[PDB]
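Below you'll find only one chain, the form deposited in one PDB entry, shown as structure tokens.
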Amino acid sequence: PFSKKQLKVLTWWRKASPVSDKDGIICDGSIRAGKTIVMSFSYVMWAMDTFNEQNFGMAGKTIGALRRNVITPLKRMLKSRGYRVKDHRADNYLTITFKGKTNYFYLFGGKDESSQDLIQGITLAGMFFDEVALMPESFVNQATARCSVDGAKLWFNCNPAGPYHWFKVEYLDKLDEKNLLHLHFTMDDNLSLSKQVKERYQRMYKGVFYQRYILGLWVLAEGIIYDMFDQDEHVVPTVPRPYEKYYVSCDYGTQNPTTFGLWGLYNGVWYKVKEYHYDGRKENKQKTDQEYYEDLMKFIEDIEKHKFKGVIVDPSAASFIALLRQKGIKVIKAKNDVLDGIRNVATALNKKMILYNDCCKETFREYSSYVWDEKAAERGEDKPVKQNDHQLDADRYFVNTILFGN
């Protein structure tokens, strides 16, 4: 059952609509708001109805994310309303056919400055951007320039960043200058969610991430990053427990500190059992891959080897990963996306999915000093100041790699 706002997304482009003159539409706001599915479905509906034998673009942060977030569920919905879809998996495009009409839908990723160059020779009757605020402005300009065919429209879907972000200042604050519609969504616009489910999603977020992902507000990131960390709630005594499973998580440094964290599952909660912290700068003696391999074996001497499920390491420590696999130790590549990892660590703390033994003392010193970069925020980037973060980067790899899936 669709809300009034959802129906506006489905109908704005029709001849009967007063706003069909507009060059495009922007939908922003909270998570779980039911905006992504109707936006992608209305995009296809619009394109099949208005053109034939034409090319259309669809882009996300990565192709993988676009398929997971948009394309997979869009195909299920299109099939149920009688659209026929041939997915060209290796070529990354779709052929869609409906009431004797046929159009083609090419899939893109937008990651950086190089992204604009990736395709400059295709010609398009339209462009759809999922998670536009995580894309480089350069890519969005390149792709808009390829929309040369007459009657072409631009479609934008996102959640908020901060208020100096290029998409907020150049697009949302210049609506009439670009001739765009704007609709803003919260969870009240998704009628398929009960009041009990909405409250469970609310409790995943506090502070800045609550303001962005629940209230749908473009608010500045400022000061202490993990301002929900609370020594009355998140710290427990250093005592033996009957853990069912273990991992180690690592932040590799030679000219900087290396760290390990031992993590143990027990009654549906992952515990940071203890921490390793070697500062090579302060000791006046740097360490080799071999020496860190040795220290890691000492660090895990006392655990049942059948319960130890491997080391989580960043791909940039490729030499270290090679030595570990040579010695028979399992290795898991860290999902290292910074802003996502930070958001998920905060959610883990908010729901007490993780807890810390009181021996993790360097980790706690970092929790009270890790801050957002104020200068970057005023330029529209959300970035941590890269200091006092060697335990916390490893904790982030653990949370983002093991506790969070899709």
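Residues that one form lacks are left out of the comparison. Under this definition, the rigid core comprises the largest set of C-alpha atoms superposing within 1.5 Å between the forms. Numbering follows the first chain given and starts at 1. Compared with the form deposited in another entry:
- Rigid-core fit between the two forms: of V149, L118, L193, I329, the one residue whose Cα shifts 2 angstroms or more is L118.
- In sequence order, the one region between the two forms where at least three consecutive C-alphas each move 2 angstroms or more after rigid core superposition is 111-119.
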Second form
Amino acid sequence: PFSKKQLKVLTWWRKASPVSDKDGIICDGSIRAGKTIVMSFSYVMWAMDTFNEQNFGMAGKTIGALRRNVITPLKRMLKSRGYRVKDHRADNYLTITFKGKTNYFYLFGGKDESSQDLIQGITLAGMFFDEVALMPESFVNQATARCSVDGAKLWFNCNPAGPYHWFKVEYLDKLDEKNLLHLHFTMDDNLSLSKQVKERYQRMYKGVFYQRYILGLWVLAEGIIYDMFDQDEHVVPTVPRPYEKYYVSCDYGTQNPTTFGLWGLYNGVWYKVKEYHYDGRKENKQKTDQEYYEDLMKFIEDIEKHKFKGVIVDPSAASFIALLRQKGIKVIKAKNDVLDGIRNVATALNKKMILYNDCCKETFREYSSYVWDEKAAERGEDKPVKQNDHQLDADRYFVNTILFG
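To test you: the structure above is the form deposited in one PDB entry. What is the structure of the form deposited in another entry?
A lone chain is what you will see next.
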């Protein structure tokens, strides 16, 4: 069962609809509202019905993201209803055929290099954006400019960012000016989710991320980032526990602070067991990659190497990664997504996927001074102020790479 609102996405374009004259549709709102899948399916339906031997565009933050989110379940859904699909993987387009008709669906990425050469020249009968909130504005405008065929329709799908964000300002606020339908989506509009499963997702988020991804609201990122951190809840005594696995997470910095952090699993919870924190300026002495390698070994002396699963480090610190690999240390390149990492660290704090030993003094100080960039947030761009963020960046590298995936 599709909800009343999901059905509106499936039927708005059909000639029988009152709102079929509109030049496109925007579906913003909460996560898990069942909007990405119905809107993807409706786009293909529409395209197949309305045109023949015509080109269409589908876009994501990256072509991979687009495939995992949208295409792969869309293809199973299309095959079910009796559409013949043929994915041309390396070429990044599909040919869907249905009741004698055939159309061409090209896959693009927001920042992708190969995409930006194709979108300069291709002609399109329509365009579809998934997570348009994340895509760069310039690519989105250049893609709509390629929709030159008569009867073309623009389809936008996203989750909320800040209310100064270009997509809010230029598309959602200027809704009649571009002649677009708008359907806002909540978890109420996903009938497959039980009141049991829905209350589980509401627990996952608090603060700005709750207001954005649950209430569906374009609310401003302001003040303390991890407002849900709570020394009652998240700090525990620094006493030995029988840890199953281990990692070390590392923000590298010669000029700045370098930090390590021993993470350790125990009954479904990862504990930041201790912290390393070396400042060049304060100590009045920088450190070489050798010296940090040496320190990293002292940092993990006491743990059993059969439980130690590797050092997570930012790809930028390659000079360090080279050395660590020469010394037979397993390196994991960190999933360095800033905004999505911050979002996940909070979700881990809220669900209590992580806890901290009371000895993590530098980390707790950073929690109280990690703040959103206020100036940039009111330009549309949600960013952290990169200052007192060295333990918290390492903690993000760990949570985003190990816990989430």
